[PDB]
Each structure stands twice: as C-alpha cells, then as structure tokens.
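Below is one structure. I have some questions about it.
Missing here is one protein chain; the remaining ones are kept as they sit in the complex.
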Amino acid sequence: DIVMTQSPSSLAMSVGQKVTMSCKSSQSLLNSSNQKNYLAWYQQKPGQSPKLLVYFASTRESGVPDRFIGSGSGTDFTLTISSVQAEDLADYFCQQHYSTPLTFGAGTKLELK
Amino acid sequence: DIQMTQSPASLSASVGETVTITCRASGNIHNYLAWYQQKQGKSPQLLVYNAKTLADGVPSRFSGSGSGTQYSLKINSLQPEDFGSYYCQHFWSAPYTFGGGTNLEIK
Amino acid sequence: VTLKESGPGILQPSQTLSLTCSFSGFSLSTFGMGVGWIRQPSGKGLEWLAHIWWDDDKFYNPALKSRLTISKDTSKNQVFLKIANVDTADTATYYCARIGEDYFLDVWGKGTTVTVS
Amino acid sequence: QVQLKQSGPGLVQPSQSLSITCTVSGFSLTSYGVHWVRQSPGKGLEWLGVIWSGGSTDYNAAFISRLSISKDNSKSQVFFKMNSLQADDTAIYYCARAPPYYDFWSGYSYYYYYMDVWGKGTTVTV
Partner (left out) sequence: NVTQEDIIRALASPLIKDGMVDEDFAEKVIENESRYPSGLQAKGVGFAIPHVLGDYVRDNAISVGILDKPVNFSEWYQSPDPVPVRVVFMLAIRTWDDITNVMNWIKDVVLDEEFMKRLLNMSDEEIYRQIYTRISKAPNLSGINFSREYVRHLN
C-alpha cells in the first residue's frame, strides 16, 4: 500500500485569521507534468463532499469561491479561505489520487471555543 | 493548383561556366523536388535524389538548393558530356506534374 | 535493374492503345517501389500520365479527362495504359519508369513510339 | 434532481450476508462512474473495489488482503448492488459518482479514480 498521513490532529478555529493544514504521502507527482490529489469537505451528517477540490484547482461546481491551492510538490497543503464562518465540520480529509488502492487519511475538523 | 514552372527556357554557356536553373511550384514542396537530365534520343538518367542530395554516383558538379516554392539546380563548372535537357519533378500531389524543362546548349 | 517496353506502332484514331513494361530483377513484393508511365510528344517536354504503387491503388493525371484506365498484374508486372480513344494530338514517345523508394526514378526504359494515321 | 439513493439491511450478524443497492437517477449508468467507500467511526475511510458504471468494464479489485470472496459488484441499467458474505464490520455504505471521462496521462489506467457526488448512505451494524 502507499502511506498517507496528516500533520495536525485538530485545529482551533475562530472568526478571523486563516486555518492551515498539510498532507503527506509517498508520492503524488506525475512525470508528464501535473499532480493529482484532493481534499474533502464533510458536513457532520451527510459527509458527501470531496467535490469542492479537484487536483490543485477550484472544482467544476460552484464549490466555495476563492478556495486556496497549496504546494504543488511532494507535500501538499491548504489554507481555509482567510477568515471563514463555516461551522465545526471536518472541512478537509486528504486523499490519494493516482493510486489503485485510493487510501484515505484521517480528517482534521475545526473547533470553536 | 499544383502546376510546376521552370526557367530559363533556353540558356547557353561555354565549358567551365557555372549554370543555375530555377524551378518553382504554385503550392508548397517541403523539399521533395528532384532533377534529372535527358540526352537527345535517350531516356533520362536520375541526377539527384532530392534538392540537396547526390544520386547514383553522378559527378559532384551537380548540386542544388531551395525551400518553400523556390528551388534551383546548380552546376559549379560545366564539363564535356553535361549538355542536354534538364527536368524537375515534385513528390507532393499524386499528379507529379513536370516543369517546362530547359535546354542547356554548347556555346 | 533492366526495363524494356512493348506496344503498337501505327494506330487508327478509333483503336485502343495498349503499352506494357517488362522487368527482370525488380520485385513488387515490398512497399518501397511503384511503377508509372511518362509521355513525351516530339519536340515538347515530359508529361506524367499515371502510376500504380505497391499497395494496389491507382492515380491518374486529371488532364487526360479520365480516358486512361490501368490494370496491373503480378505476372510479368504488366501495366497496360489502356486509352479508350486516341486523338491526333497523341503522337508521342511513351516511357515506363520505376518510382523507387522516396521519389528516385532509378530505372527507365527506352520507350515506345505511338503515332496515328 | 440528480441523486444516488442507498438502501440495504442493517443489524446483520456474521451468519447473514450484506447486500446494499444504490439506485441511480439523473446520473446515467452508461456514462458516469459509481464508487463505494466505507466510513467507520473508529478507523478512517477506506476504498472498496469498484466497477466503472459507464459500462461494466475492468473490475479493479482493491486491498487483496481485504478482498472478500465472490464480491460481484453487479450493475444493472437501473441500480448497482454490492454484496459481501461476511458482514463482520460496520459502516460499509457510501455510494458516489465518478467523473465521466478519460485521464489521458494516467500511468496505469485511463479512468480518473475520482469521486464527485456522494449519496446519503446507510447504517450498517454487526
């Protein structure tokens, strides 16, 4: 299999500032240019949305405007859209693309307090 | 169309002179023109393989150049037995239309 | 290597013309070489009539108004250059020539003489 | 207007097999893909083997050490159904759509292996 790991276990959030998270794996880069990854947004109840990010670009659907795209190298990462209101959802789960097993990683979640 | 033309229609030179013959296409050749020489009363003998390449061991005196729609055959110095009729053909559209041809005379 | 030709001498305008090629060591079992025919009216330049590639296909000079129909055999590499109607302008030497690889007319024959009366 | 609806049994003990049917409406089964993923509260999410639903083409088995026997992934023109004989774990239930086109520079397969629109899911217990 291919190792997948996240750096944070959870992050505190408040309305203001930006929320930073990162994702590592054995390798997501392609030789014929490009890079394949995707970070998923999960509402606590339906958990239905990897659709907000395709590769390293805003998704085909409306998604969320001004979504930030992070590093294009071996280690991927993302920031929330500066200060966000959202709610305490598992806004990101990092998944492998370009791999037959398509292993999934753990989520991060936001925490208000 | 693909009509080929050639000039001068008739030219003459003494032995030892340099001779240039111009062959032109209405279309685009992409370096597929080849020249050959006809002796009076005999079939032509292949002279070059392409505008830039020697064919079948003929004398190095025969060479040529060109691009696009403008090609020419050049002889650095005429020797005995090189006089006669010169023709050019292109490997582009299947109807490999001939140029008008030139008669290089002894004078 | 060696190419010879055969055909009629004096024809009437209403007759069909038939001209053939004869080769020795030339083989038509490979894509590399085709065969074609060149016409030369006396005192004029050369005119391309038609050719057949190793892949059995057929190309004609459109200036001949589709009067030329050509079949090609494998026995004796016969190419017939059949012309349905021979006019009084068609007074020329007819040559058979190899196309060769690329566009190298390496093998030419001696040519036949076609006239009218 | 375009939905994936899932239905199947819960409270399934090891003596009974698990069979879940995902009815697809608005995402034709001759164009779009359908993927399945397991989501337990205690391990993270995991990929299940899928058949591309744009035509029953080239079943890609996943996790051979985790592969069940006689996993058919049957595809009809109306619905897709998954089955597993053991039913020895929980939360095997998400159905999702995959992009209907080719991954031209892929290094192993020409499908994208990407999930787009997820269904509602089911509740699976032992």
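Going by the order they are written in, the chains are A, B, C and D; count residues from 1 in each one.
Keep this in mind: a contact is a pair of C-beta atoms (placed from the backbone, for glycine too) under 8 Å apart; a residue touches a chain by one contact, two chains touch by 3 or more.
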Query = Touching the left-out chain: which of B:62, B:92 or B:98?
reply = B:92
Note = Logged for chain D, residues touching the omitted partner chain are 55, 57, 101-102, 104-105, 110
Request  = Name, in rising order, the residues on chain A that touch the hidden chain in the full complex.
outcome  = 32-34, 55, 57
Key: Hidden partner interface residues of chain B, rising order   = 28, 30-32, 91-92, 94
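Keep in mind that, in the parts below, only the chains that are shown with their structure count from here on.
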Ask   = Taking each chain's centre as its mean C-alpha position, how far apart are chain A and chain C in Å?
value = 73
Key: Gap in Å, rounded to a whole number, between the CA centres of chain D and chain C   = 68
Ask   = chain D: which residues touch two or more other chains?
value = none
Query = If you look only at chain C, which of its residues touch chain B in the complex?
reply = 45-48, 51, 59-63, 95, 97, 102-106, 108-111
Task = Under the touch definition given earlier, write down the residues of chain A that touch chain D in their complex.
result = 1, 30-34, 38, 46-51, 54, 60, 93, 97-107
Query = What residues on chain D touch chain A, complex-wise?
reply = 37, 39, 44-47, 60, 62-63, 94, 96, 105-109, 113-121
